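Participant: So the chains spell out like this:
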Amino acid sequence: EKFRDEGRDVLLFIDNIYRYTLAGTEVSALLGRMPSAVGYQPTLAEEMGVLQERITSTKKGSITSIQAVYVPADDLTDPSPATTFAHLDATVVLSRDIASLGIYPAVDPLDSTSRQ
Amino acid sequence: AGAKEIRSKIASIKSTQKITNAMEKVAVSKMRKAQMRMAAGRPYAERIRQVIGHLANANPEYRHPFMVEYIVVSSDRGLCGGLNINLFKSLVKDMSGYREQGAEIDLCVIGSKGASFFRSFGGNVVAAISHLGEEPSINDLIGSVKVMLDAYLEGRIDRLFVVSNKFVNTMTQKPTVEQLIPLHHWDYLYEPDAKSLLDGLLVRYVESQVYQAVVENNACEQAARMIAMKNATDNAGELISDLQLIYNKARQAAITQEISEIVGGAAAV
Amino acid sequence: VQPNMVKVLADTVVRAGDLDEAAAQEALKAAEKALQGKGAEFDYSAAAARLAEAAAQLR
Amino acid sequence: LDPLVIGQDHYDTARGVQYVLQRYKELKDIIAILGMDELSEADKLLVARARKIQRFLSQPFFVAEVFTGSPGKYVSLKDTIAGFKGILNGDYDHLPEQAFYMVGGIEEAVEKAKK
Amino acid sequence: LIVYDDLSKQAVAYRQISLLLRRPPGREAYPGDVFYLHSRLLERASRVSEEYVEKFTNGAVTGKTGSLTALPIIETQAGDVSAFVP
Amino acid sequence: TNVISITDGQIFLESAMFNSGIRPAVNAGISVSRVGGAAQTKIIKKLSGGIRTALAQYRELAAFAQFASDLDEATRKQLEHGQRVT
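Residue numbers (the deposited numbering), protein chains in the order written: chain F, 233 to 348; chain G, 2 to 70, 78 to 191, 201 to 286; chain H, 72 to 130; chain E, 349 to 463; chain A, 258 to 343; chain C, 344 to 429.
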């Protein structure tokens, strides 16, 4: 946000957005709050919104974010993936098969998508 | 009930999907064995046709009854991708021409699914053979072929045809009807009488054409079986994907319910 | 035989009037149809459409 | 649904319909994977009758007329038993499967098959 | 080299103490800090640089790197790797 | 399921139809309006009745269309009209 306010376009890399959700679940349990669906914190959507709504394009500059995503039990309907996908604008999928052919970067042009 | 029954259904369908994927290649392997057997029998039929052509042109002294004016091939087993149905559907098209012409029909049947078809509609069977191996032998066809040849010599049949599938390509089996009985510088040195030679060669010619129709239908069957097992493998994959979605719902419900019973129990203590 | 070609067209079994007739008579006996019928079979389309749809719905 | 309350004719017709629909429900997974053509000659006939019974159970209502346009139908118990008994006995094996859909009494299935 | 023959039994013992101390339960009744229990233990297994060994030993050991390798063992239930502790 | 128990009909949008290029992806097979039949104007009410049946005739033949060109004239005309209405 300081670099954005200097009039720049900035990249914010988040090592794993699932670990941010889990840290919120752990803190919520330590504070004694009543758990929600699948055992997540009752504040799941608000905690994601407070972080994701600051990453935007403004009149001064912008912050673009690349976030690594982990899907629990390969279930795309789980509350963590389901809450995260509401904020994403693009999906880049890396393929082990494409890397085996010697092509780099190993993006899958068929599975990867963008709202743009 | 819950997650346990769904997990058992998935495992059962997953085991079946693996063999239908493998059996598709087993059918392709058997398709290639049938295709080499189709080619191996051609030199004999074409030379018999070359001999009869000259031996009839050069000898205007005698005209065989076969030179002046249905045998149905079907499978003995399951997994056929519409092979027998497309053939029976087509037989009616040529029979319709016979109904407009007012002509009578005699039928010969090769294979168990063909016998089951005519038996379910009241079709008049003059001869029938079944339970032949995937690699048949011409000596089993002699019986069924002779009854149909005799009916021609007795004047009971005006024209005879062989109904079978033709191998257009590895993805296409075509239903067909082919006429069997009604078909220059030197002369041959006949040891026996020419009538005996022409009469003997014409019998070998028709038997050879019926055998080639049977072997080409078996190549079409293995090609149809490949498509059918490919489709079964693909169809099972859609069922497993849907059952995985139902399982995930039960996984989330079990975790939510256990926590709701646990939180209620700790609030009372 | 021809001046530049020799073709031998062999037979798979020993033909004869008895074996040749017997296979035909056995094929009449094998045509075991308790009720012979007529052959008109007007239900062709009713069965052909059912199986055409069933074979399409499978794919 | 007791022989001492409704009589044996109604009771056996209802039990016959349930037996056919139960057997059709057991074949659903096999039909989805291998198709209808792999079933036995007995199962094929039962599945064909199950599909007709399942469609004959449908009925246009006098309160549902606004949704589609079709006129409503009132079917007596006598006509209901006669229709399902005939389908179970095989008296309608020749009529097409779509002739039973939305027709009230069994005689209307015979008239719908003429189109 | 260190082998922890059952980290799942350590988690069960810590869950017992936490429930008897009346601390708030989460998924599978484990406390909110069960991830921190195993993470605090497993991040000690490491390889340290020559400068770390030279600083720790006050120059008694020079030009050598030390290490601790860990082989933790965990028991699954009917192959379910999606359980909380696993 | 709670909102369907309150509202007077639902417009279902299908993911398969949307990914197939049919962008206004309304699923006619299950989308319904209870009070809306009395709300249409005379011109749209009279012309729409013939169009909902055409889409019902297409729903059963759409997937098999590539090899359906050899069927009877009735089946072929119903499919051809169904593709044009779609």
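Some clues are possibly wrong.
[What the hints assert, rightly or not] Here are some of the chain F residues that sit facing chain A, going by a computed Cβ distance under 7 Å:
#1 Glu238
#2 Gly256
#3 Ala261
#4 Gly271
#5 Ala305
#6 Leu308
[Stated by the list, open to error] Subject to a maximum C-alpha distance of 25 Å in a straight line, what follows is the list of computed DSS-like cross-link-like pairs (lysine-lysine):
#7 G:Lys101 - H:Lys109
#8 G:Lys15 - E:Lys373
#9 G:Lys19 - E:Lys376
#10 C:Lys420 - G:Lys101
#11 E:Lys376 - G:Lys266
#12 E:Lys462 - G:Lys15
#13 G:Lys101 - E:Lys376
#14 G:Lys266 - E:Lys373
#15 C:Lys420 - E:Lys462
#16 E:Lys373 - G:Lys182
#17 E:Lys376 - H:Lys104
#18 G:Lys121 - E:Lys462
#19 G:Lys5 - E:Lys373
Don't read these hints as lab results, they were simulated from the structure.
All C-beta atoms in this analysis are idealised placements derived from N, C-alpha and C, irrespective of residue type, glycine included.
Participant: Could you grab the alpha-carbon distance between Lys373 (chain E) and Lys182 (chain G) and see if it respects the 25 Å cut-off?
Facilitator: Not OK: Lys373 (chain E) and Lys182 (chain G) at ~35 Å, beyond 25 Å, violated.
Participant: Measuring from the C-beta of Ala305 (chain F) to each C-beta in chain A, is the shortest one below 7 Å?
Facilitator: Where the cut-off is 7 Å and the nearest Cβ of chain A is about 4 Å from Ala305 (chain F), the hint holds.
Participant: Let me know if the C-beta of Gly271 (chain F) comes in closer than 7 Å to any C-beta of chain A, holds or violated.
Facilitator: Where the cut-off is 7 Å and the nearest Cβ of chain A is about 4 Å from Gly271 (chain F), the hint holds.
Participant: Given the hinted pair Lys15 (chain G) and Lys373 (chain E), is their Cα-Cα distance within 25 Å?
Facilitator: holds (21 Å)
Participant: Classify the hint on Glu238 (chain F) as holds or violated, based on whether any CB of chain A lies nearer than 7 Å to its CB.
Facilitator: The hint is violated - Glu238 (chain F) has no Cβ within 7 Å of chain A, the shortest such distance being about 36 Å.
Participant: Against the 25 Å threshold, does the CA-CA distance of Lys266 (chain G) and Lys373 (chain E) hold or violate the hint?
Facilitator: Status holds; Cα separation ~24 Å.
Participant: Tell me if the straight-line CA distance from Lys19 (chain G) to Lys376 (chain E) falls inside 25 Å.
Facilitator: holds (20 Å)
Participant: Does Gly256 (chain F) meet its interface restraint, that is, does its C-beta lie within less than 7 Å of any C-beta in chain A?
Facilitator: violated (11 Å)
Participant: Quickly compare the C-alpha distance for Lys376 (chain E) and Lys104 (chain H) to 25 Å and report which way the hint goes.
Facilitator: violated (34 Å)
Participant: Does the closest beta carbon of chain A sit nearer than 7 Å to the beta carbon of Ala261 (chain F)?
Facilitator: Check passed: Cβ of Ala261 (chain F) comes within 3 Å of chain A, closer than 7 Å.
Participant: Run the distance test for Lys420 (chain C) versus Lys462 (chain E): straight-line Cα separation, threshold 25 Å.
Facilitator: holds (20 Å)
Participant: Is the Cα-Cα distance between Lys101 (chain G) and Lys109 (chain H) 25 Å or less?
Facilitator: Holds. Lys101 (chain G) to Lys109 (chain H) sits at ~18 Å (cutoff 25 Å).
Hints 1, 2, 6, 12, 13, 16, 17 and 18, counting from the list given before, are not met by this structure.
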